[PDB]
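What you see is the complex with one protein chain gone and the rest in place.
Chain naming follows the written order as A, B, C and D, and within any one chain the residues start at number 1.
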Amino acid sequence: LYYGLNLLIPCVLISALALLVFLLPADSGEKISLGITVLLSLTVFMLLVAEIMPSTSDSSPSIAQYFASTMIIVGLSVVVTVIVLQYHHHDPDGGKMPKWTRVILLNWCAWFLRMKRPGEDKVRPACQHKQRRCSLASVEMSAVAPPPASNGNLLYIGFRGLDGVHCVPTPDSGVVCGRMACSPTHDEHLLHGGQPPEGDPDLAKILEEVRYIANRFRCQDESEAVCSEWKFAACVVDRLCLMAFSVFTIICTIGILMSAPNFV
Amino acid sequence: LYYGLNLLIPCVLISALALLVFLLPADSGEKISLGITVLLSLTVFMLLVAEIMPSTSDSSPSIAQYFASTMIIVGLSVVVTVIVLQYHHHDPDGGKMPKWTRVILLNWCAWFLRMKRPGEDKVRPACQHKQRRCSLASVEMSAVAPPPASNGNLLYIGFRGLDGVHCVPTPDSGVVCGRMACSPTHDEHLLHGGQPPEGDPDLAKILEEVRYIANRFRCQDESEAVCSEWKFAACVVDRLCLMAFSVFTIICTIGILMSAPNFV
Amino acid sequence: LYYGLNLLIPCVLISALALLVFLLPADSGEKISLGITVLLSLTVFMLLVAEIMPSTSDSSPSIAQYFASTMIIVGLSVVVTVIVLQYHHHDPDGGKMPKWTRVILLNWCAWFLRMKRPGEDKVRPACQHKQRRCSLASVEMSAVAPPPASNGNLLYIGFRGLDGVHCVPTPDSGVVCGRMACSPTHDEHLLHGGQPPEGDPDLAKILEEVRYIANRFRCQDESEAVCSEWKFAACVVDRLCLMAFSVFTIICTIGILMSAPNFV
Amino acid sequence: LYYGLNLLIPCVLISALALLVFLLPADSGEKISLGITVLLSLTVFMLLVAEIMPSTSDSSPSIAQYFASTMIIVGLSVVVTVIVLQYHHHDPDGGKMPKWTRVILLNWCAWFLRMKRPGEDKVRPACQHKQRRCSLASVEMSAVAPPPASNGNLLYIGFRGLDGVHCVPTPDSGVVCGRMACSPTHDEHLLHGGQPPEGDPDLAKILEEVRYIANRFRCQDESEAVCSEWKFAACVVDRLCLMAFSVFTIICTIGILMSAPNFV
Partner (left out) sequence: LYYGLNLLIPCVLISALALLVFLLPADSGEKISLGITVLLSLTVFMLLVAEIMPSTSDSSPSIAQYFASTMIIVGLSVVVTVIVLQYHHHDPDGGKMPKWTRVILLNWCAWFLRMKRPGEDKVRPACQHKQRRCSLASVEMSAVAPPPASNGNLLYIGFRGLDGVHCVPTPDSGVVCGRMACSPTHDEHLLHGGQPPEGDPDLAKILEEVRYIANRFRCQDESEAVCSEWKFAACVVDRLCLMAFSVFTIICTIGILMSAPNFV
């Protein structure tokens, strides 16, 4: 009665912790260590195995096969932890070349947020009207800008979209000579009470330095955004590995349960 | 004499450390590891158990049941540690969907600060006057703004409450044409000593860039505030788990004490 | 000859490391783990004890009592480590209510810097003149401001002391109409070369935003100062616990030494 | 059947983790610990060896030689981990004197990005035209500035290249007296509507302080860049050590496989 419980509780707990390690968010600070830490908890347990199946007295290959399979599984998990952490730095050494895994990471992120399976993708409010049709705004295979949206598309084309209307307004809109809203129509005599349009050119340099420091801060902001994106990609890969290993763990448990009468 | 002490001191110390781990604040840096670290301290101790109850010589299911229960308890604690840490990042992968646990976290935070049990909620200075009544300022089921307070309500409606009087003063107050306090009454001839009301439009752009960098800093401030809120939620969940497991640990100790004569 | 040395060196080293852990500064990042790490170093050592005093072959309660006492001491130390770390975050959950331990922490900090024992408090340069007397500047039981000093009192009453002379100069000093030092005496005709006293009101808004960002930075400065104060309080509590446990460790060592002939 | 598997799976897993540790990016926070952590996982395993080859009962030098070789390999790896981490701080104590390893690190970084082996260096689009020739812009043995490029050469000569045309425009270009583009040709009567060219000298001091704080921020930016360069150098050295130890591990595995029939 105590043998089965003492052999099942620790193994089941270790198998559950192995999955919980990946279920944890992308904590690059501790993950790389946590994945190994759990492994240590198994090594000590291996000693107890020597009591029930010594390496020179008892010959029980049945449970030894399952133990070796679990050891290989945890080793592969610890190894893939390093590959996952690799996506957090992207050192210049190379390896995981960019422009290849980004399309897969974006697809995974879109499938996690917007479910794709028939349970929620097909069974949902839909119609055959223009609300689900496609046009020049959807089919952008020719490198067309995205539609105007507040999720990072309206201000994107403006700020990040260099050479656009916000920075290069070459299209003749007629505001410089047709409208007077904050734009005098070819008014060359508009003087600031007898002075030029600018009180002191030093203000221009002050504004330039202010914009320079603002861009310096935006550089760190973009670095933090890239770090967050790398963390999200690592978490997505961890979730994928968890989903993949879930089936293997379930199969191993089913085999150990169905093969228990053969040994016990 | 030495057997009972040697079997009680380590188990009691481990049971106390298991609770102290949750009693620790929400230290995401070490908590995720600490919860596992303590577990290691038990694994080695398990070896000592093999001396008193070998897995193939002695059959003592009485204490084995309690040992397995303690192992399952610590495993569940380590597993819930990961669920708690999950509330610290809220990755885009999903899982703990927001807008559901926030109402429970706020309720727990309000109950911890403002006690709700009869010991302090009912036995306190109270009266049947307007000080405890309700009005349009308390019953805000129609999405009404909170009362004016300095705890994050007076400046909230002003700054975060867009489209309000601070940004969209559409209500005709009469200050633009009835009062002269920092608001000339339709005075179109008010010139800055012969110059327009503004010395140089470049100052407007300088102020705009200053406000832009101020908003950039406020973004990081809000990120830090959200991180602190997530840490507080994790600490609240840890305290809840501690309170829940306290009864289980007390019951286990009472059972081990009352069942000691059966084994010893 | 080897038995006594092998039993004394590890125990003495562990007892010294237990105290050195608290002697370490308030390193919240590693302390919480360090206190537990040392504990692990003892668990393995316990295995060696099983060789000299098996749990079912040898009955030696003499040294077993001291071993259990040391185990309880290290467990209490590890437990108090969590209480110490609790003073580093002060989560909204409650527990260590403020306004109670602050007066004790300040007293401990003043006693550590300014020694209070007769060895250095009484034996020091002193006299019965006004240098050691008290007046309205020392007896501030009526919530009086502290004396003017550069240790955080001169600028404190100025900046942090709202409603004072620096922000609300209600006392009629006579500088607005009696002195002309940076204060024209009721000079309403003082114009900036024909212009108002201010060139552009936009400069006022620029200065206001500059002061706003300065206050935003001062907020983080105050947060860091509070964190440093919490770290100092944790270090003070650690030093107090070290001083308390020093006597217990000395008594345990004296007992083990005087009781050695009984066992050895 | 179980003996060979139980002796091969753990050893192979440890050998793979030893290489994966170096395959991990330059994580100075955990690397220094990770390299040692894996070592611990071997120590416990050594205990199991005592079951198959006790230190006083069985004499099997064949596998003992391979075990000692693996132990020495992991020890050398752990030792070189410290030398790698040394490149992350470069303390004033000395040791790894600069100006010597920089030329090797740059060469390694250029070889990793731009492959040098014949597989990709020689087999690639090339021609005997000027596209592959050399001139005064390529042969810069006389300390000549690099060609103008956007990879850190166009703005480098401008900002970091003190005493240049951007800061010391001594070459007579003729813009001060030949061109009027933002440079009045010796126009001494150009007044800002009756005022000097500058409205207020205080703006000059404001711009000077703005540039001072910008340089203060650039100092931290350069510190972060140097830290990133040190991390990249550490990662390059780790990859080099990995490539070096790969051949040794392969040779050890081949020897253990070919020498298995002698022992088994």
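Just so we're on the same page, contacts are C-beta pairs under 8 Å (C-beta built on N, C-alpha and C of every residue); 3 or more make two chains touch, one makes a residue touch a chain.
S.K.: Kindly name the visible chains that come into contact with the excluded chain.
M.R.: Looking at the complete complex, the unshown chain comes into contact with C, D.
S.K.: Per the definition of touch given earlier, which of C:37, C:56 or C:138 contacts the omitted chain?
M.R.: Looking across C:37, C:56 or C:138, the contact with the absent chain belongs to C:37.
S.K.: For the chain not shown, which residue from D:15, D:28, D:228 or D:253 touches it across the whole complex?
M.R.: D:28
S.K.: Out of D:102, D:116, D:179 or D:205, which touches the unshown chain?
M.R.: D:205
S.K.: Can you list where chain D touches the absent chain?
M.R.: Residues 28-29, 32-33, 36-37, 39-40, 43-44, 46-47, 50, 53-56, 59-61, 64, 68, 71-72, 75, 78-79, 82, 85-86, 88-89, 91-94, 191-192, 194-196, 199-203, 205-206, 209-210, 212-213, 216 of chain D touch the chain that is not shown.
S.K.: Using the document's contact rule, name the residues of chain C that touch the chain not shown here.
M.R.: 1-3, 5-6, 9-10, 13, 16-17, 20-21, 23-27, 29-30, 33-34, 37-38, 40-41, 44-45, 47-48, 51-52, 109, 112-113, 192-195, 197-200, 203-204, 206-207, 210-211, 213-214, 217-218, 221, 231-232, 235-236, 239
Simple rule for what comes next: only the chains that are shown with their structure count from here on.
S.K.: Measure off the straight-line distance from the CA centroid of chain A to the CA centroid of chain C, and report it in whole Å.
M.R.: 41
S.K.: Centroid of chain A to centroid of chain D, CA atoms only: how many Å?
M.R.: For chain A versus chain D, the centre distance works out to 25 Å.
S.K.: What positions in chain A touch 2 or more of the other chains?
M.R.: 29, 33, 37, 40, 44, 47, 192, 194-195, 199-200, 203, 206, 210, 213
S.K.: Hey, which chains are touching each other here?
M.R.: A-B, A-D, B-C
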